[PDB]
Amino acid sequence: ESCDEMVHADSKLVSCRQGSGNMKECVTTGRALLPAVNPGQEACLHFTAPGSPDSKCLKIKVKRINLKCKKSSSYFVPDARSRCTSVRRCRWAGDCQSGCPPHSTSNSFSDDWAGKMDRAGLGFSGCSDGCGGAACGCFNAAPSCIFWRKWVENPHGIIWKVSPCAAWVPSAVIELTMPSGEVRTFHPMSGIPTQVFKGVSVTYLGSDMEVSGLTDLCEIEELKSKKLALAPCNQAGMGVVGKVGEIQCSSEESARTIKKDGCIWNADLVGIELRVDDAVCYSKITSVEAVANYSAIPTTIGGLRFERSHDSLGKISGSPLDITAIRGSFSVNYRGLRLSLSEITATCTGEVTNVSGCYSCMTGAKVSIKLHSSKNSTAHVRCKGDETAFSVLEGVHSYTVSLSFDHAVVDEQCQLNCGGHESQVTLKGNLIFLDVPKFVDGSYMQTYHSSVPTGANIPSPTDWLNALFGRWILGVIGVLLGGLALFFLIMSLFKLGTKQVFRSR
Amino acid sequence: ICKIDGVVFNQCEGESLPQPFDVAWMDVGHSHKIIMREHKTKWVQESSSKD
Ligand SMILES: *[C@@H]1O[C@H](CO)[C@@H](O)[C@H](O)[C@H]1NC(C)=O
Ligand SMILES: *[C@@H]1O[C@H](CO)[C@@H](O)[C@H](O)[C@H]1NC(C)=O
Ligand SMILES: *[C@@H]1O[C@H](CO)[C@@H](O)[C@H](O)[C@H]1NC(C)=O
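Quick note, the sequences are listed as chains A and B, same order. Read in order, the letters of the first sequence are residues 561 to 1030, 1035 to 1069 in UniProt numbering. Whatever position you read off the second sequence (first residue = 1), add 204 for UniProt numbering.
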């Protein structure tokens, strides 16, 4: 579409050669800066070569600006159950004379327990005491050794993904298109590199926006049911029991199974209480319906309205009312890139056939330009008031772009050049004015608002009283005579009414 | 678990080759065996004449 805010910071900064025989480029490295733009615009990056007349551009597309957070850590918390067993073996030897574990023997597995499995997991093997006599199972008045092993299980296999974060920095999306033809997308962060794609390291900047109710919030998500929620989560491995932060593991593959080598638990996560050779285990792990308030996807805490935006590498979003931030400029860095320049541009001439749009407003004034040339995209439009660059195709086609004007009747003469050849164009049409839209029920903000033109806020005397007149003296005289006649008639009617009201009471 | 040595156990949609799987088992006098994972055992002497 349209384009604005040209830079041209590193023009004529190449050290190329003959160009493989006819013409080529070597490298173009420097540093530039792109200012803030409105959601749904394009920031072109036109290069200038000393030998070649014209070059290609690099458009930057921004769609949404959502409020996300960083990724401090990532882990999976599976669901656990209460499973245990016991045994009632008799001493019958010198093994359970006085005490079963002498000082520290915890591996109470005599090559017979079911702990050596891939579906069990890991736990804590303890011991207990028993009674003696005919009713207790032995023939000696001495306590017996009762061993028990407890472990957690996960029959269903519910998998959760929690990512703690306490920054909540603004971010946005970028649909970058290279001059060669490659078009990809990426999500830059507020000051964090966005996985630079062959030199381009454009980052996003913020304005240090304050928060109201963002102190302990996370982005815990669900994988099977795709259910999201906002609630204070735990921290890294060193945690406390009582809230979220139960038995974790290494990765998602280690979440379905509760085996060792990746799973970490501190202490006091499962209780055991036996009465008579039973070793029954009760559940103490809190479920999802035990945490604090536990906000959900519909969240209206304060001015922020958190929603669920369908996007990759992020599912948490939110958009308050119109903020009109101060600055949202970017910072583009260059490391290495090249563009093929033909330098064989020929005569080309275009003309203007349509003009429309708003006043100096959000969408601007869209003016379609028709060109005709032999090359593909050798064109560059430059004029006073605003500069707009775009790409064309081979042959004769139609292309619609938007420009910024500061006058009601747009009747000027701009200069248009496609590569090396230059010509002249003219515009003639009528434009309108649109103000900032108002708020209505049932509609909520989606991503953000950048800015609204509210500078003048005054009616210009030149544009006003234009269509009412057009001859002007004749129209003024006629309007004055009509107004005088109507005023005299209304005064006569009022006098008659007052006379009727006064008398005949 | 779907099949044990060519013996139908459950109803599955995708079969594969036998794989080593550590699991306890016990016999009760029927045709097929019964595998179990969570079980509590108790050893009693009873002073039987068979011992
Ligand atoms: C949510 O946490 C507790 C739960 O009752 C509540 O007192 C608090 O005000 C809520 N908001 C927070 C912690 O920001
Ligand atoms: C100008 O715009 C009007 C409105 O859509 C359209 O009918 C007309 O065909 C356009 N003219 C050209 C030359 O594109
Ligand atoms: C111009 O663009 C067309 C678009 O399909 C492409 O096929 C062609 O290779 C480009 N270059 C030319 C015609 O030199």
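Hints are computed from structural coordinates only; laboratory data are not their basis. Every residue gets a Cβ at the ideal spot worked out from N, C-alpha and C, and that includes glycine. Careful: at least some of the hints might be erroneous.
Said to hold, decoys possible - Stretch by stretch, here's where chain B covers chain A in the computed footprint (C-beta under 8 Å, at least three residues):
# : segment
1 : 670-682
2 : 697-706
3 : 1048-1060
As the list claims (entries may be wrong) - Derived list of chain B stretches under chain A, where covered just means 3 residues or more per stretch with a C-beta under 8 Å from a C-beta of chain A:
# : segment
4 : 209-217
5 : 222-228
6 : 231-243
For the segment 209-217 of chain B, count the residues whose Cβ lies under 8 Å from any Cβ of chain A; is that count three or more?
Our answer is that it is violated, as 0 residues pass the Cβ test (under 8 Å) against chain A, missing three.
If you count the residues of the segment 222-228 of chain B with a beta-carbon closer than 8 Å to a beta-carbon of chain A, do you get 3 or more?
holds (count 4)
Coverage of the segment 670-682 of chain A by chain B (three or more Cβ within 8 Å)
With 6 residues closer than 8 Å to chain B, the segment 670-682 of chain A meets the three-residue bar; holds.
Outcome, coverage of the segment 697-706 of chain A by chain B - at least 3 residues whose beta-carbon is closer than 8 Å to one in that chain:
holds (count 3)
Stated coverage of the segment 1048-1060 of chain A by chain B [criterion: 3+ residues, CB within 8 Å]:
Answer violated; 0 residues pass the 8 Å Cβ test.
Can the segment 231-243 of chain B be counted as covered by chain A under the rule of three residues or more with Cβ-Cβ separation shorter than 8 Å?
holds (count 3)
Comparing the model with each earlier hint shows violations of hints 3, 4; every other hint is respected.
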